[PDB]
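The chain below stands alone and is given as structure tokens, in the form solved without uridine-5'-diphosphate.
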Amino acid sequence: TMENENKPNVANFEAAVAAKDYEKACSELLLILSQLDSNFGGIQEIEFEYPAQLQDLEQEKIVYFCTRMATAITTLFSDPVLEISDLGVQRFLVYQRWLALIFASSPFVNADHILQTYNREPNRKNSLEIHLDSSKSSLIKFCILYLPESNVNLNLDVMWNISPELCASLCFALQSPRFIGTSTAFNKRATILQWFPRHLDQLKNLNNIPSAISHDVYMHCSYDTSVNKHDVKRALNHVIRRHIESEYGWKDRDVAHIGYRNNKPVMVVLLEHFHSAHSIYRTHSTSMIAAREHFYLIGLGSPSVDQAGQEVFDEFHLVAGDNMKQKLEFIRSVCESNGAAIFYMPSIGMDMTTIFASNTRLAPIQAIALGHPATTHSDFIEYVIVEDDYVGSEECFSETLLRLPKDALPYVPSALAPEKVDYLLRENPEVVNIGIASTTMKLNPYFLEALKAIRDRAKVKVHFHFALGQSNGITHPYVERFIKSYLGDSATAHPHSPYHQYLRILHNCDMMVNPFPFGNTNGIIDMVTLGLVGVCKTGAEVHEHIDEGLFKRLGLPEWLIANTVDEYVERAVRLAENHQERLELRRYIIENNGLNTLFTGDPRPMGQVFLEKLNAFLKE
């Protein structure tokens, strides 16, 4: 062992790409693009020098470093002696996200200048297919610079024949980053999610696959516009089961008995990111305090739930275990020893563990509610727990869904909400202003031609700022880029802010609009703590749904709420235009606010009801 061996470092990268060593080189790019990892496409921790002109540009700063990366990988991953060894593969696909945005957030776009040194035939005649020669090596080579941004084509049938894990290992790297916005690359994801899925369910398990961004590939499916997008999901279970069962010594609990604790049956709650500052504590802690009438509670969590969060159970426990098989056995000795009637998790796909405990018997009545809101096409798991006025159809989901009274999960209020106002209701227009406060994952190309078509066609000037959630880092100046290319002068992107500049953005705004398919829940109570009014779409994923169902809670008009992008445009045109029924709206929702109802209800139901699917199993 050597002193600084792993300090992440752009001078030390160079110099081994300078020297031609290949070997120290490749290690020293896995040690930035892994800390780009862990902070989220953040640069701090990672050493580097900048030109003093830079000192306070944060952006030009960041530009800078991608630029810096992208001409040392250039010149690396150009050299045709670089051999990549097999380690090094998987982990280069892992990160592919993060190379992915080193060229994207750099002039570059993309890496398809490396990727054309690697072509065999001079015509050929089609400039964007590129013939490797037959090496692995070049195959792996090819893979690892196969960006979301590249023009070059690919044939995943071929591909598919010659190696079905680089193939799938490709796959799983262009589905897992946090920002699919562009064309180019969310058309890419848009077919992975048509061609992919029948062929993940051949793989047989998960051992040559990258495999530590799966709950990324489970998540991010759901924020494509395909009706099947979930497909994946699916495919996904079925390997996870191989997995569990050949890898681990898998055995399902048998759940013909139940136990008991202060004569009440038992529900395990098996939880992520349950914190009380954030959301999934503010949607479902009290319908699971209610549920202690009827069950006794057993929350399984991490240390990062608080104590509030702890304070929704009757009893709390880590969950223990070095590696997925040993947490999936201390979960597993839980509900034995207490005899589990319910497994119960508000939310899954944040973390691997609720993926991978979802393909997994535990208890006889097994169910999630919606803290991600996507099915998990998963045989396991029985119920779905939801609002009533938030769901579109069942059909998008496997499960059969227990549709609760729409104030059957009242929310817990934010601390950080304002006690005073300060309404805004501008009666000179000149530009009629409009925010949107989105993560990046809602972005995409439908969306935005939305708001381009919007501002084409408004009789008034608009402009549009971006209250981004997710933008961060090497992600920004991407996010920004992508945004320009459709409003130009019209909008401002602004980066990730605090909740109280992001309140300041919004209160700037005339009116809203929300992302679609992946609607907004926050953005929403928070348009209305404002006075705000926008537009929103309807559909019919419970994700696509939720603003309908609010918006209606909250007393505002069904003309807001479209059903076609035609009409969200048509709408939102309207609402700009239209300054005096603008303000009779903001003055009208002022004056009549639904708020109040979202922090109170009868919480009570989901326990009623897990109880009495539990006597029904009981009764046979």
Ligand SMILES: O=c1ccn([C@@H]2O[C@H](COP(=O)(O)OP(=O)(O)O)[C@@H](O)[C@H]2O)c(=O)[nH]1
Given for the second form:
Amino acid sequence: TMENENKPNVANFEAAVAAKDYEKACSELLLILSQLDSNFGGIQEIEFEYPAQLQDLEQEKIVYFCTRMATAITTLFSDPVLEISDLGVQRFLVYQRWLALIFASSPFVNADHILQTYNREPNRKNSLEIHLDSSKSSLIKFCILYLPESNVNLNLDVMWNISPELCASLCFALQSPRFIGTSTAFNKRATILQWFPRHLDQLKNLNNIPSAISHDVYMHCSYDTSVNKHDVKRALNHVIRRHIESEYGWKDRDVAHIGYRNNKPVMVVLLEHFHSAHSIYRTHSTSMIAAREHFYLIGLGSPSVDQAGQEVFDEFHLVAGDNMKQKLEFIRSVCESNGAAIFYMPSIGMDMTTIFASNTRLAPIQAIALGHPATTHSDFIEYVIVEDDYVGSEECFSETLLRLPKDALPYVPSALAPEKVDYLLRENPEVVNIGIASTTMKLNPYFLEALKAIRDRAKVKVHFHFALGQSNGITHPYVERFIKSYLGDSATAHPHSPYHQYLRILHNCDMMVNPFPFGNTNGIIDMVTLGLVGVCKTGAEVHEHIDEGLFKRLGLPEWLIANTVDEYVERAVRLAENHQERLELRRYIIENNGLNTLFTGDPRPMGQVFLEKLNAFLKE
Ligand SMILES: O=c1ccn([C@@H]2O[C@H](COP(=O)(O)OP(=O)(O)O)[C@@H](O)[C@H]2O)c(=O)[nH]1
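With the form solved without uridine-5'-diphosphate done, generate the form solved in complex with uridine-5'-diphosphate in the same format.
Every chain and every other molecule in the complex is listed next, the one we just looked at coming first.
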């Protein structure tokens, strides 16, 4: 060992590339990509120097970073001699999304200029097709640099014949970014969603694909617009099921007998991201608290859960184990010694543990809620807790929906909610400012085309303020370019901001519009809090339908809830042109709104319902 061997360092990566030491370059580069991973795209704790002019100019400092990184990556991967260790390949595909961002936030856009150096057939006959030598090594390198923004052609069928596993690693990488919003990237991912599932279903386990981003593959499909977007989850479940049987020798429990604690049957709840300042606790703690009239509750989670989270349950334990095989054995053992009636996950999708767990048989009733609002397509999960007013069509879900009364999941209000108001109802707007509260995953070309439509068509000048949740570090310059490609001067791409500052941006707006197809929830509450009204578009999936449910609970009029893009655009424009209508409605909403009603209700049903379903299991 040497001191400072493992510090991500842009100058040391560059020097290793100039010195043609391909091994040190790779490893120095992987250190940087790994850090970008940990930092969620931020560049803190990566060492680099910059021209003084950039000191206070952070976006410009980030673009400078990505530019240095893309030039050094270009030299390195353009060199015909470079050969990547097969360990190395697996790491590069796992970090692909970070290279994607390196290039997309630089002026290069993508790494096609590297790709073109790999062409061998001076014919072409389409210069967007790249004909490689037959070296396995060249196929690899191509894949690593086949970015979501790539313009080069890709034929998946031929690909998957040559190497199934390489090709499934690509599909993973290309599904894993938290921003897939441009036309080029989105279209690519859409293709994968139709093509990849039936191919992944043929896979045997997780050994030679990038498994550390399966949770990302699992969640991100929800942000596409197709009806059958979740098919990849069904496939992914089978491979995980095969994995845990084959690599772990997993055995399901005998769930014919249940045990008892303080004379009640046992609900074991496996938790993801359940801190009391966060939305899972805000939406699901009270229903879990009330479930204690009928069940003893055991909470399994991470040390990230705070005292208020732990107090929801009768008993709380850390999920122990050094790997997945162990954590599962641990979870199994808790269910065994207690003899679980219920296995429940309020959220599934954010951590890989919950995903694995949902492919096992641990209790006779196994059920989830929609903290991540999408069907599991797992045959091991029977029920889905959901508020009746949030369901669109029941056929979006493979599981049976347990539709609970619309006041059955009262929310815990945020401690950050301002106590005082200051409504700004602008009588004279030259400009209509229209806010949009969003994460990067919610952004897409259909949403942004709808927004360009509202801008082009409205007879009033409009300005769009995007308050982008978690837009950040090297992701952000790329997002701003995407937004500007549609709206130019009619839009401001605000990066992630603290709560009071985020509230200040919206407070300067006249109305809001909601993203589709995956809408807001918390955005809507902040909207009404500020006395604002907006448009949302509804649809069949819960994540499309929530906004409708929520608009009705809060007392917003149905004309605000559009069924199609063309209506969405239409109502948005109407809200923007019709000043006095818009203001009357703001005044109506300031005056009488169900904000109150979100925080109260009867949380008992969930427990009640699990009891009946359990009692009926105990007769048979
Ligand atoms: O710049 C921002 C953007 C968002 N948020 C907070 O994060 C929430 C949005 O989170 P998300 O879209 O992931 O889930 P949602 O709660 O909308 O269902 C908002 O309510 C804000 O309270 C914030 O503080 N600053």
